[PDB]
Amino acid sequence: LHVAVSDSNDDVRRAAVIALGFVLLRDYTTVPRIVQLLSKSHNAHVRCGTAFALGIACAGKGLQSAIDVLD
Amino acid sequence: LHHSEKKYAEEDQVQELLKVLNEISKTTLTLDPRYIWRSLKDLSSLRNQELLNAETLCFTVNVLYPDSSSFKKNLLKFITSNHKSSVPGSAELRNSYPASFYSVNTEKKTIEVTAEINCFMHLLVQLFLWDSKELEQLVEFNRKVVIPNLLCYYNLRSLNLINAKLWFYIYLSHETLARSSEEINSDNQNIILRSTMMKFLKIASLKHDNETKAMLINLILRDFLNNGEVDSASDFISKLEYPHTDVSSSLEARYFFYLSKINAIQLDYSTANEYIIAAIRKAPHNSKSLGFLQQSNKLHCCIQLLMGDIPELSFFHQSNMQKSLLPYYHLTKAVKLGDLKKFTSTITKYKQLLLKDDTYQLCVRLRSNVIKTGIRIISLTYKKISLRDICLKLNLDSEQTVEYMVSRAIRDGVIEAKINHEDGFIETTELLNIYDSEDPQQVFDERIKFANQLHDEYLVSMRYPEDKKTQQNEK
Amino acid sequence: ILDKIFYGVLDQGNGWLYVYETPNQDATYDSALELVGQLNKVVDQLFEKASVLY
Amino acid sequence: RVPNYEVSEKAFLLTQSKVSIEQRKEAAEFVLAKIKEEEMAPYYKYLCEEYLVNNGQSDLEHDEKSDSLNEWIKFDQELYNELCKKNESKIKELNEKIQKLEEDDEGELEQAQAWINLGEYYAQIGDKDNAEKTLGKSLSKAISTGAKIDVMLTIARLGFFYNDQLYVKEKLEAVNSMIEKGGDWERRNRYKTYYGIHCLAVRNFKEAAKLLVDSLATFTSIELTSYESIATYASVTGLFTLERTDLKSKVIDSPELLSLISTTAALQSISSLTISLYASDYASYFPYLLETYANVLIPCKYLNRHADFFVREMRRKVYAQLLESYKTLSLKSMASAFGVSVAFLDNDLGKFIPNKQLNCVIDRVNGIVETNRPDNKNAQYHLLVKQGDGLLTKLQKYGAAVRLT
Amino acid sequence: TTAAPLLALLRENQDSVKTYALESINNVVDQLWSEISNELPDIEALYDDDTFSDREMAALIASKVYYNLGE
Amino acid sequence: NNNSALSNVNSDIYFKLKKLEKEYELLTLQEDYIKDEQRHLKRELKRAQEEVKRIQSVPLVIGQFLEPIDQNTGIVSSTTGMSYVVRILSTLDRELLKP
Amino acid sequence: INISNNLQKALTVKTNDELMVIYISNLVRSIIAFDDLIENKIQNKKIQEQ
Amino acid sequence: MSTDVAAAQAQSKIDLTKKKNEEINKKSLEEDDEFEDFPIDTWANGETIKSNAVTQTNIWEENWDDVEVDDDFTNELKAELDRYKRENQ
Amino acid sequence: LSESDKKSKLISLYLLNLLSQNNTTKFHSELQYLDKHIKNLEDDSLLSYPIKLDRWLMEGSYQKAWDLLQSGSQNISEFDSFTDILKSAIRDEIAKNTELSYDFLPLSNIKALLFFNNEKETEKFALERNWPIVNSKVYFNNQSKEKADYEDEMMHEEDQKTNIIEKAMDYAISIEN
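Protein chains in written order, with the deposited numbering: chain A, 572 to 642; chain B, 18 to 492; chain C, 381 to 434; chain D, 20 to 424; chain E, 4 to 74; chain F, 35 to 133; chain G, 255 to 304; chain H, 1 to 89; chain I, 96 to 272.
For the record, the hints were derived by calculation from the structure and aren't laboratory data.
Heads up, the beta-carbon is just placed ideally off N, CA and C, and yes, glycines get one too.
You may find that some hints are simply not true.
[What the hints assert, rightly or not] Coverage of chain I stretches by chain B, computed from C-beta distances (three or more under 8 Å per stretch; other residues unrestricted):
id : segment
1  : 180-192
2  : 225-236
[As the list claims (entries may be wrong)] Cross-link-like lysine to any residue pairs, in silico, SDA-like; alpha carbons within 20 Å at most:
id : chain 1 : residue 1 : chain 2 : residue 2
3  : I       : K134      : B       : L354
4  : I       : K131      : B       : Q378
5  : I       : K262      : B       : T361
6  : D       : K109      : D       : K152
7  : D       : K320      : D       : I40
8  : I       : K121      : B       : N244
9  : D       : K375      : B       : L354
10 : H       : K20       : C       : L433
11 : G       : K295      : B       : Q378
12 : F       : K80       : I       : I268
13 : D       : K109      : D       : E57
14 : D       : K211      : D       : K320
15 : B       : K466      : B       : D453
16 : C       : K384      : D       : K109
17 : G       : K268      : B       : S478
18 : I       : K159      : I       : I133
19 : H       : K50       : B       : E463
20 : C       : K421      : D       : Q406
21 : H       : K20       : B       : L354
22 : B       : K350      : H       : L81
23 : D       : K416      : B       : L342
24 : I       : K159      : B       : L144
25 : D       : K119      : D       : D146
[What the hints assert, rightly or not] Facing chain B, from chain G, some residues (calculated, C-beta under 8 Å):
id : residue
26 : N259
27 : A287
28 : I296
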C-alpha cells in the first residue's frame with residue numbers, strides 16, 4: 572500500500588495493487604473496501620491494477636461486491 | 018366499567034411492548050434505541066393514572082407471567098383491589114404476540130423472551146409507585162423483588178440499557194421515606210443501598226455499559242453528601258471512572274453539581290466554580306428543569322462571593338426565580354458594602370431559608386469576605402493610605418487589627434498590596450504592564466488549544482451518523 | 381489636551397508637561413475587532429438555518 | 020386630545036415634594052379649573068389612585084393625612100354631577116349619527132369621523148380604554164392611510180396622559196408597522212416626537228438623543244408637550260450620551276437651541292451646565308447641577324427615575340474629563356475648582372472609582388490624585404481578548420447541541 | 004456507616020487488635036471501597052511482614068479495592 | 035419460554051470471533067495508510083494548481099467574452115477576428131462574467 | 255499569535271457550517287428511507303388488484 | 001438569569017420529547033422545585049426598597065440606584081458647607 | 096450517627112484535634128458531616144469554640160485567636176492539651192503572611208506580631224526562617240530571594256512555562272494532522 576501511494580511511476584503503482592489479492596487470497600471479502608479508494612483514483616495506472624487484483628482475488632470463491640466495483 | 022377502560026388502555030401497552038422488543042432483538046445501536054425508550058416513558062406515566070389502574074394486571078395475565086402476577090395484586094389492594102376482567106379466559110391470550118410467541122412455541126419450549134417481558138413489567142411497577150405517591154411498605158416491597166431478578170439473567174448489554182433507567186426510581190422512593198419519617202430502619206438499610214450500587218457498578222464495568230455506569234455514579238454521590246461526609250465522595254471521584262459515551266444533558270449537568278459542592282467546602286473556589294458554570298450550561302432551560310436551575314443559581318452566587326468577586330444586579334432582577342434568590346441578592350449587597358452588622362442580620366433573618374437549602378455553611382466563610390471585599394475597594398480607590406484611616410472605615414479598634422487582616426488577605430493575593438509599617442501606610446502593588454511581560458504568548462496558547470478541541474469534536478461526530486445512513490435503504 | 385492637538389498630560393503637583401505623539405490604537409487592533417464582531421453574527425445565523433434539526 | 024399633555028404635567032408636580040411647594044399651589048389652581056371645564060373627572064379618579072399617600076390627602080372622599088402640603092386638592096361629588104350631564108347629551112347625539120350614516124352609502128368615512136369624535140371626547144375626560152375601542156372602529160373603516168397612522172399615535176398619547184409607559188410601547192409598536200405603509204414623511208416627523216419621549220423614559224438615551232434633536236431641526240412638537248420642553252430634553256440626553264468632542268457640535272451648536280434662547284428656568288439650568296463643561300469652569304458646574312435636579316429632572320415624568328442617575332453621571336463625566344488631561348493633580352486644587360473640599364472629594368470619588376469610569380487613585384499621605392488610565396497596548400488587549408472569548412463561548416455552545424442529538 | 008472506625012484500628016498497634024481489624028474490613032471489602040482506600044499502605048505492610056497468619060487476608064483487601072480503582 | 039444456551043456464546047468467542055478481532059486490526063492498518071493518502075493528495079493539489087498558473091501568465095491574446103452557451107463553456111470572439119468556442123477555467127467569476 | 259488565535263477560531267466557523275449541512279443531509283436520507291417502505295405496499299397491492 | 005449568555009444557553013438547550021423524561025427525573029432528585037417551598041413560610045415575600053429607589057419592577061433596564069440611595073441632598077449640603085469653609089479660610 | 100451523653104464535649108475535641116494537625120481542609124470537610132446531626136438538635140453550645148478559632152484565622156484576626164485560646168483555660172478540663180499546639184501554629188501562619196507584607200521590618204515591630212515576651216524567643220524563630228537580624232532589623236528580603244533561586248534550580252519549568260519555539264510546533268502540526 573505504502574509503495575502504491577509513494578512511488579509515482581506507473582509500473583510500480585500498477586504492480587503493487589495487483590499484488591495485494593495474492594496476499595489476501597483467503598481474505599477476499601475485505602479487499603473491495605481496501606482498494607475502494609484506489610478504484611476511485613485520479614491515476615489511470617492504479618485503476619488498471621485495481622481491476623486485475625479484484626479478478627484474481629474473487630476468482631474461485633465468488634463475491635458480489637467485486638463484480639459491482641468492476642462495473 | 019371494568020372491561021371498558023382496561024381493554025382501551027391495554028391497546029397502547031401492546032404497541033409499547035413491541036417498540037422495546039424490535040430494537041433489542043436486532044441489537045442496539047447504543048444511543049438511538051435509548052432515546053426512544055425515554056420518549057416511551059412520557060406516555061406511560063399518563064396512561065397508568067388514567068383509565069383505572071388494573072390496566073397492568075389485565076396485561077400481566079395476557080403476557081407470560083412466571084410469578085409477576087403475585088407482586089401486582091399486592092400493589093393493587095393498597096389503591097383499592099380490582100380483579101374482574103383481569104382473570105384468565107377474559108384477559109388471557111397467548112396469541113397476538115411475537116413477544117411470547119404463539120401458544121404452540123410456549124408449550125414446546127423455546128428461547129427466553131420472558132427477560133424483556135420482566136424488565137418491561139418492572140418499568141410499570143417503578144412507574145406505579147411514583148405516580149400514586151405511595152409510601153411506606155411499597156418502597157421495601159418493590160426494591161427487594163426487582164434487583165435479584167436483574168442478576169438472574171446473563172448480564173447482557175441489551176438488557177442492561179433498559180434496566181438502567183429503573184435505578185433512578187428505586188433510589189427516589191428511598192430518600193422520600195427517609196425525609197418523611199425519622200427511624201432506625203431507614204438509617205440501617207441505607208448501608209445496604211450504597212453497598213448494592215457499588216456491586217452493580219462492578220458488574221457493569223465487566224460488561225462495559227456506559228449508561229449503567231453514569232446513572233449508578235450520580236445516585237450514590239448524592240447519598241454521601243446528604244449524610245454530609247465529604248471524604249467518601251471525594252475519594253470515589255478521583256478514580257476517574259465517569260463515562261462520557263452514554264451520558265445525557267441532564268446526566269452531565271448533575272455530575273458537575275456534585276463536583277462543585279465538594280470542592281467549595283474543601284476551600285478551593287476556583288475549582289468549584291469551574292464545575293458549576295458547566296452544570297448550568299449542559300442543562301436545558303424549561304419549567305421542567307426549573308428545580309435544577311433554581312438550585313444551580315443558589316450555589317453559584319456564593320461560590321463567586323467566596324472568591325471576593327461579586328455577581329451583577331441584572332442577574333437577580335431579570336430572574337423569574339428572583340423571589341427565592343432574595344436572601345442571595347442581600348448577600349451580594351452586604352459583602353460589597355463591607356458592613357459587619359448587615360451581614361450579622363441577614364444570616365440571622367434568613368437563617369431558616371439558608372439552612373433548608375444547605376447553603377448556610379458557605380455563608381459562614383462569607384463573613385470573612387465582608388472585610389476582605391471592603392479592604393479591596395479601598396486598595397482600588399487609594400494607593401497610599403494611613404493605617405488610621407482604614408481603621409475608621411471598617412470600624413476596627415487598633416492599628417494592629419488592620420495589619421493582621423491585610424497581611425493574610427495579600428497572602429491570598431485578593432487585595433494586591435504590600436504593608437509599609439516603616440512609614441505607616443499601605444501601598445497598592447498593582448502596576449499592570451502585562452503586555453510587557455512574557456505571559457501573553459502563554460494566554461493565547463490555551464485558546465488555540467480549545468479551538469483544536471472543537472476541530473476534533475466536529476470531524477469525529479459528523480461521520481458517526483453518516484455510516485449507518487449510507488447503509489440505510491433508499492430510492 | 382481636550383482638543384487633542386499634541387495630546388499630552390499635565391502634572392499639577394510636580395508642575396510638568398508631558399507630550400505624547402505615540403499612537404493609541406493600531407490597525408491590527410482595529411480590524412481584529414471588526415472580524416470577530418462579524419463572525420459572531422455568522423454563528424447565530426448558522427444555528428438559525430439549522431432549527432429543523434430538532 | 021389637545022389639553023392632555025399640559026394637564027398631565029401639572030398634576031405630576033403635585034405628587035412631588037422634592038420641588039418648591041410654591042410651584043405646586045400655582046399648578047393646583049390651574050389644573051383644577053380645567054378639570055371642571057373639560058370634565059376630566061375619570062382622569063381625576065385615576066390620578067388619586069396613583070398618588071397615594073403623597074397627595075390627595077386633603078380630599079373629602081379620601082382620608083386626610085399630613086402627606087399632602089396642598090389643600091387646593093379637593094375631590095368632590097360636584098364634579099360627578101356635571102359629568103353625567105355633559106357626557107349624556109353629547110354621547111347620545113353621536114350615537115344617533117353613526118346609525119344615520121349606515122343609511123347613507125359611502126358611509127364608511129362618515130362613520131369613521133364620528134367614531135373619531137367619540138374617541139376625542141373619551142380622550143378629553145380620561146378614558147384610554149374607550150377611545151381605544153372607538154378609534155379601532157375608525158381603523159377598519161375606509162379612511163386615508165395617513166389617518167390610520169395618526170389614529171394610532173392618538174391612542175399612544177393616552178398612555179402618557181395616564182402615566183404608564185408600558186401601554187405606550189405597545190401603541191408605538193403598531194406605528195412602527197404602519198409607518199412605511201403610508202410612506203408619509205408627514206407622519207414620520209410626528210413619529211420622531213412620540214418615540215423620542217418614549218426613549219427618554221428608557222435607560223438607554225442613545226435613541227433619544229438622535230430623535231429629540233430631529234424634533235428640534237424639523238419643527239414638530241405638536242399634540243405633545245411644547246417646543247421649549249423638546250429643547251430641554253435634547254440637552255439632557257445630548258450631555259449623557261455624547262462625548263466632549265461631539266458635544267459642542269451637536270448641543271452647544273444647534274441653530275434651534277440658540278434661536279429659542281432660555282426663557283424658561285428648566286431650559287436655562289441644563290444649558291448652563293453644558294456651557295461651563297466646555298469652557299472648563301467647574302466651580303459653576305456643581306451649583307448648576309443642583310439647578311438641574313430641581314427644575315428639570317424631577318419635574319419631568321421620564322427623568323424622575325433617572326434624576327439620581329444623571330446627577331451622578333455628570334459628576335463622573337467631568338472628573339474623568341480632567342483625569343484625561345492630567346497625570347497628577349492634588350486633592351486641594353481639584354477639590355477647590357469643583358467647589359467641594361478634600362473630605363467631600365474623597366467620598367464622591369469613592370463611589371465612582373468602583374463604578375469603573377475614572378480609573379485613578381487617591382493618596383492621602385502625599386495627597387496627590389494620580390491617573391491610572393491606559394490608552395496604549397494594555398487597553399487594546401483587555402478589550403479584544405473579551406470579544407474573542409465571546410466567540411469561543413458561542414462556538415462551544417452551538418456545536419454541543421447538534422452533536423448531542 | 005463509616006469505615007473510619009475500622010481504619011482507626013489498622014493504625015493502632017498490638018497484633019491481637021490488628022487481627023480483629025483485618026477481619027472487620029474483609030466482611031465489607033466487597034461492599035465498600037472508597038472509605039478504606041487511604042490505608043492501603045498500612046495493609047500492604049502487613050502482607051510484606053511474616054509475623055502474621057493474616058498476611059493472606061491483608062493482601063486480599065488490597066487487591067479487591069485496587070481493581071475497583073482501575074489498577 | 036425461559037432459558038437459552040450459554041455455551042452457544044462461549045464457543046463463538048474463541049473460534050470465529052478471535053479471527054474477526056484480528057480482521058479488525060487489518061482495517062485499523064487501512065486507517066494508518068489513508069491518513070498518508072489524504073495528506074499525499076493535498077500535496078498533489080499544490081502541484082495541479084501550479085501548472086495551471088503558467089497557462090494564466092503571458093503571452094495572452096485579447097479577445098472579448100460575449101455570452102455563455104453552458105456554465106463551463108462560453109463563446110468569445112478574438113481581436114484576431116475569429117469566433118472561438120472556449121472552455122472556461124475554474125477559479126473565476128461566472129456571475130460577473132456573463133455580460 | 256493574537257492574529258493566529260483568531261484565524262484558528264475563524265476556521266471553526268467554517269467547520270461548524272459543514273456539521274450542520276451534514277446533519278441536514280442525514281435528515282433527508284431518513285425521509286427517503288421511510289417513503290420507500292410505504293411504497294412497497296402500493297406495488298404489492300397493485301398485483302393483487304389486477 | 002444564568003451563567004454566560006443566558007439567551008445563548010436557552011437557544012442551544014431546549015426541550016425535546018427525548019429530554020422531557022430526563023428533565024423531570026432530574027427535578028425530582030433536587031426534591032421538587034424548591035421555589036414553592038419558599039412562599040409558604042414567608043407568607044408572601046415583599047419587595048426590595050431598603051436600598052433600591054427604582055426598585056425591581058422597572059419596565060426599562062435597572063440602574064445602580066438599586067444599591068445606592070438619594071445622594072442629591074448630601075450634594076446640596078456639601079456645597080453650602082464648603083462655601084463657609086472657603087469664606088473663612 | 097451518635098446519641099451520647101458526652102456528645103457535646105467530644106465533638107468539641109473532634110474539631111480542635113483537626114486544627115492541631117494543621118489541615119483546615121480536614122476541618123471544613125468534617126464540619127459539613129457534623130452539621131446534619133446538630134441542625135436543630137444541638138447547634139452551638141460549647142461547639143462554638145473551634146468554629147470561632149478557624150474563622151478568626153481565615154478573617155486574619157490573629158489578635159483575637161490568641162485571647163480566645165487562653166480564656167478557654169478558665170473552664171479547663173483538657174482544653175490545655177490543644178492550647179499548646181495552637182500557640183505554635185498561630186506564629187507560623189503569620190510568618191507565611193508577613194513574607195509578602197515587608198522587605199524589612201524592625202525587631203521591635205515583629206516581636207509584637209508573633210506574640211513573644213522576650214528577645215531569645217524572637218531571635219530563634221527568625222533564624223529558622225533564615226531572616227537575618229542586623230542592628231535589630233529583621234529582613235524578609237533573604238527568604239524571599241532564597242526561595243526564588245531554589246525554584247529556578249529545580250526542573251518543572253520548561254513545560255510549565257511553555258517554551259515559545261515549542262508553541263509554534265504545536266500550531267503547525269494540528270493543521271497538518
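Verification of the hints:
no.: 1; hint: 180-192; verdict: holds (count 4)
no.: 2; hint: 225-236; verdict: violated (count 0)
no.: 3; hint: I:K134 x B:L354; verdict: 30 Å, violated
no.: 4; hint: I:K131 x B:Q378; verdict: 11 Å, holds
no.: 5; hint: I:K262 x B:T361; verdict: 51 Å, violated
no.: 6; hint: D:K109 x D:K152; verdict: 18 Å, holds
no.: 7; hint: D:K320 x D:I40; verdict: 18 Å, holds
no.: 8; hint: I:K121 x B:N244; verdict: 17 Å, holds
no.: 9; hint: D:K375 x B:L354; verdict: 16 Å, holds
no.: 10; hint: H:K20 x C:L433; verdict: 17 Å, holds
no.: 11; hint: G:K295 x B:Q378; verdict: 67 Å, violated
no.: 12; hint: F:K80 x I:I268; verdict: 18 Å, holds
no.: 13; hint: D:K109 x D:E57; verdict: 13 Å, holds
no.: 14; hint: D:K211 x D:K320; verdict: 18 Å, holds
no.: 15; hint: B:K466 x B:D453; verdict: 23 Å, violated
no.: 16; hint: C:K384 x D:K109; verdict: 67 Å, violated
no.: 17; hint: G:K268 x B:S478; verdict: 15 Å, holds
no.: 18; hint: I:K159 x I:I133; verdict: 26 Å, violated
no.: 19; hint: H:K50 x B:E463; verdict: 45 Å, violated
no.: 20; hint: C:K421 x D:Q406; verdict: 12 Å, holds
no.: 21; hint: H:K20 x B:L354; verdict: 43 Å, violated
no.: 22; hint: B:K350 x H:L81; verdict: 31 Å, violated
no.: 23; hint: D:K416 x B:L342; verdict: 26 Å, violated
no.: 24; hint: I:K159 x B:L144; verdict: 58 Å, violated
no.: 25; hint: D:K119 x D:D146; verdict: 26 Å, violated
no.: 26; hint: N259; verdict: 5 Å, holds
no.: 27; hint: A287; verdict: 5 Å, holds
no.: 28; hint: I296; verdict: 13 Å, violated
The structure shown violates the earlier hints numbered 2, 3, 5, 11, 15, 16, 18, 19, 21, 22, 23, 24, 25, 28.
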